[PDB]
Each structure stands twice: as C-alpha cells, then as structure tokens.
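Incomplete set of chains, arranged as in the complex.
Think of it as A and B in the order they're written, each chain with its own count starting at 1.
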Amino acid sequence: XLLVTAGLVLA
Amino acid sequence: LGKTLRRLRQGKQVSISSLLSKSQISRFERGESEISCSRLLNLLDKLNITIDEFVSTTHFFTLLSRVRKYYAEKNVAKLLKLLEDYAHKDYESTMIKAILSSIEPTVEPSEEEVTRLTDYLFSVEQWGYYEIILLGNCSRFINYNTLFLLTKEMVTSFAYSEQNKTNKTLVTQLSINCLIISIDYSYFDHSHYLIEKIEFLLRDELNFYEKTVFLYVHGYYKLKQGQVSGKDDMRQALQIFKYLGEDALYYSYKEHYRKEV
C-alpha cells in the first residue's frame, strides 16, 4: 500500500 | 556452481574428505565436472546448508535488484534506461512501467500490455515468486474484477516451503490488498472469501505486520457490515503503526480512515 521501500511490492 | 560450493564448505572449516568421492567433490568444486542437482542437494545436506540458503548466497532477481536500486534513489532517468533495456521482455517491461508510474505519473503500462500480463497470470497452473511479484506490482493498473479473479487463482495455487515462507507472506499481503478494495466496492461475498483465506494464512505464524493491516481492514469490513466496534479495530491498528514509528503506514491508513470513517 505505502511501503517505500520495504519488501518488493508497492501495495 | 562448483565455485560457490567450495566457498561454503571451506568457510565452515570442513574438509573435502569428510563430505561422490574426494576426487569428484574436488572435481566439481574446480568447475570441471558437472554434477546432478540430486548430488548437489546431497552435498549441501551434508554441509547442513539448505538450497534456499545456497541460492541466497537469475534474470528476474537481477531485474528486481536493479529496480530496487533505482527506485530507492527515486531516479527516473535510470529507471527509464532500465525500461529501455528490458523493453523487449514483455511482462518485465510492463512491471517496470507500473513501478515507474508511482514516481513519474506520466509513465503507465497500456491496457493491452496489462491484458497480456493478466492473460498470462490467468494461464499459470501454479503461482510462484515471479507471478506473485508481477501481480503485486501491476495491481493498480488491473481492474478490480480481474484483480479478484487472479487473487483467487493465486491463493488457491501457490507454493512455498516451511524453510522459506517468502511466497506465503507475499500472498497474504496481496490477499489483504485485494480485500480492502473488495470492501471499498462492497463485494462482500468476495470479502468473506478473502477473510477466510487470510485467517488461514495467518494461523500459527508471527506475521505481525500482516496481522496489523488485517486488524484495520477486517475492522473496515465490520464497520461496513454494521459493527461499530470495527472503528475500534481500525483505530487500534493506527496506534500500532504510531507506537512502532511506522510513519508511512500510519499517515496512509489515517488518511484512509479519515475519508471512510
């Protein structure tokens, strides 16, 4: 969703 | 591979001897002989190293690593050059455009590019890391109905290992992502389905992040089904983000809360 930048997906 | 085997072994102070023969072991290490994956796995097992671990020490991984580097820098020119470099790879370039879109809004995958990708995702019998990462990164350009259909395919046919739960964790996050849109759009049959799938995925795991977002999003569900206590759940999830100093998650969900509640 807002994960900038952790985990490699941007949900 | 013969090279990486050597390093792993020898950095454990393990002799070639006490591990095939001494000769062939030695002979695979020096990159002269090819060995089967069967015998490689057997060697790693003797070394007490998993294959998951061995890999950790690949076209798609290379792409992701470059994307991560440039995105972290928010470097639009470099991501455009990366897009150029991968333009002949259809799903990969579609994914790059989807990612780029979040920091340069003028860049977006076309409807036809997205359709080729969702046709491909729909066709896969068993979802792996590749498919999961493609869906997750392209989701804002996929209409909700297609998103739910693919999410359902993903949830019901993905693989993971007990040693590496990476795929399971991503599937949980993407299922929750789908769930919050299902609730936005009042597909409550969809929502009911996803809630059961997520609860199953969370069972006997830590996964506190997913549990925190789930507390919020299930609370949202409850509020739309007429349970006022859902508000309490959503406000508690916000408190958790706040306590852990998770600024982005806190301000983003607080935003969603202010508009919906």
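Here is the rule we use: a residue touches a chain if its C-beta (ideal position, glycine included) is under 8 Å from a C-beta of that chain, and two chains touch if they have at least 3 such contacts.
Counting every protein chain in the full complex of this file gives the formula A x2, B x2.
Here, only the chains that are shown with their structure count from here on.
Centre-to-centre spacing of subunit A and subunit B amounts to 10 Å, using the average Cα coordinate of each chain.
Partner subunit A is touched in their complex by these residues of subunit B: 64, 68, 71-72, 99, 102, 133, 136-137, 139-140, 170, 173-174, 177, 180, 213, 248-249, 251-253.
Of all residues in subunit A, those touching subunit B in their complex are 1-5, 7-11.
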